[PDB]
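A single chain, nothing else alongside it, follows as structure tokens in the form solved without the ligand.
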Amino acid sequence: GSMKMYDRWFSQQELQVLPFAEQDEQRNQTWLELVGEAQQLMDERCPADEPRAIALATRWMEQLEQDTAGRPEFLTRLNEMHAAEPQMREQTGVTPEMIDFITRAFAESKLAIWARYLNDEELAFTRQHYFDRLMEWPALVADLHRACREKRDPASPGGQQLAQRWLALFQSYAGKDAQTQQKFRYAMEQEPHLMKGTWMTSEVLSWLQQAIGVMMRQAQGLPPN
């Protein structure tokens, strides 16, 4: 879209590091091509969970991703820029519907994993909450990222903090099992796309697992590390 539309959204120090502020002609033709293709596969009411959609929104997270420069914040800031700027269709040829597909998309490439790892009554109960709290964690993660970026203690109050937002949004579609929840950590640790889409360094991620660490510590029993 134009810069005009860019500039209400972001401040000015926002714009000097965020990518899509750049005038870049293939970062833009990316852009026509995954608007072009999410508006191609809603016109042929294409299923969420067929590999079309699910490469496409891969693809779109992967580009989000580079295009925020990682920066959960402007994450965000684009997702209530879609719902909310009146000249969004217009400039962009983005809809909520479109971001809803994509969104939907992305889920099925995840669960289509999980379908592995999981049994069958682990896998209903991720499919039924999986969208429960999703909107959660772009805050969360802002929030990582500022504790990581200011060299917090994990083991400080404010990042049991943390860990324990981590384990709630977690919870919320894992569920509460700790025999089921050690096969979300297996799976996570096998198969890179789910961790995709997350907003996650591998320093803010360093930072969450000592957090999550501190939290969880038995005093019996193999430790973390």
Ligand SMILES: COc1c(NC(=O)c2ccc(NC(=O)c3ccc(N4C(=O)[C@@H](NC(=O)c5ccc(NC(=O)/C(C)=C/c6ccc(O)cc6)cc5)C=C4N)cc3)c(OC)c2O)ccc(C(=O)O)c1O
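Numbering follows the first chain given and starts at 1. Each form is matched to the other, and the largest set of C-alpha atoms that superpose within 1.5 Å is called the rigid core. What changes on going to the form deposited with the ligand bound:
The one residue among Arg133, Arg104, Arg152, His82 whose Cα position changes by 2 Å or more between these two forms, with the core held fixed by superposition, is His82.
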The other form holds:
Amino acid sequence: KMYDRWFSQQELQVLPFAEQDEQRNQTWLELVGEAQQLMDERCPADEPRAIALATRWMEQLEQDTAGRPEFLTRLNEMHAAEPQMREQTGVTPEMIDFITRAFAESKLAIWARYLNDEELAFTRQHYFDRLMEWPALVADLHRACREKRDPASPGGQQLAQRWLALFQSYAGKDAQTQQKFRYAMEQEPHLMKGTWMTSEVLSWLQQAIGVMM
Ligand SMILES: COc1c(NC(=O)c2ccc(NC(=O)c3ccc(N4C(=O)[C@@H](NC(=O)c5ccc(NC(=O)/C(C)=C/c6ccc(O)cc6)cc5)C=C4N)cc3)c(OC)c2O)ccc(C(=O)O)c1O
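Rather than the form solved without the ligand that you just supplied, could I have the structure of the form deposited with the ligand bound?
So here's everything in the complex, that chain up top.
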């Protein structure tokens, strides 16, 4: 019912959330209930149960948006504008904040092996500065790749510049530090979880980055 106000009926045919599926509903009942239980117990976001829960949240959310970042952004629009999303789904803004921070910890736990203490502390602080702007960029990268946009075109370079701004926001401006992050990406599959990125779109982006650099 709620999805009808936010997705076209064509989109509803491909949005798994809108499927009749008992297991999907049970899965989210568990994921929401377990998040609230950890929060009730004042579980820190860097506790292993929270990290594991948040990793599972992101896997499930990408599955149930059919890997479409524009469907993820649509859900976030919904959460802000639909009243009673707490009452309908159990998902609260405070719960998303918890999952967001726990998922960040899942990546900071890996970056710790690639960064020195100063770099890691910088990223722990600034990872959240512009985190919320990534889904919109990912959707635009998907569209550029789908439309066969030239990575060297002005608007392709606009996308590369946007990536750099968001990347430097969390990584800093030091070239040697940035090299560590890009090496970590190459070597750690988990660091591209919760991104809605595909190998095809990543390849397009890295071509656009190559032109820019
Ligand atoms: C690693 O760096 C790189 C990169 N990187 C990247 O490409 C990159 C790309 C993207 C990202 N990030 C993201 O995409 C990115 C994703 C997501 C968020 N997000 C959000 O959307 C916000 N809401 C949610 O989460 C949220 C959670 C739950 C729901 N549930 C529901 O609605 C419903 C209806 C449930 C339901 C329940 C019960 C029912 O009964 C029924 C229903 C809804 C919403 C909060 C956060 N946090 C934020 C961000 C990213 O991370 C920063 C990246 O790094 C590339 C190349 C190199 C190189 O070297 O070449 C490199 O180094």
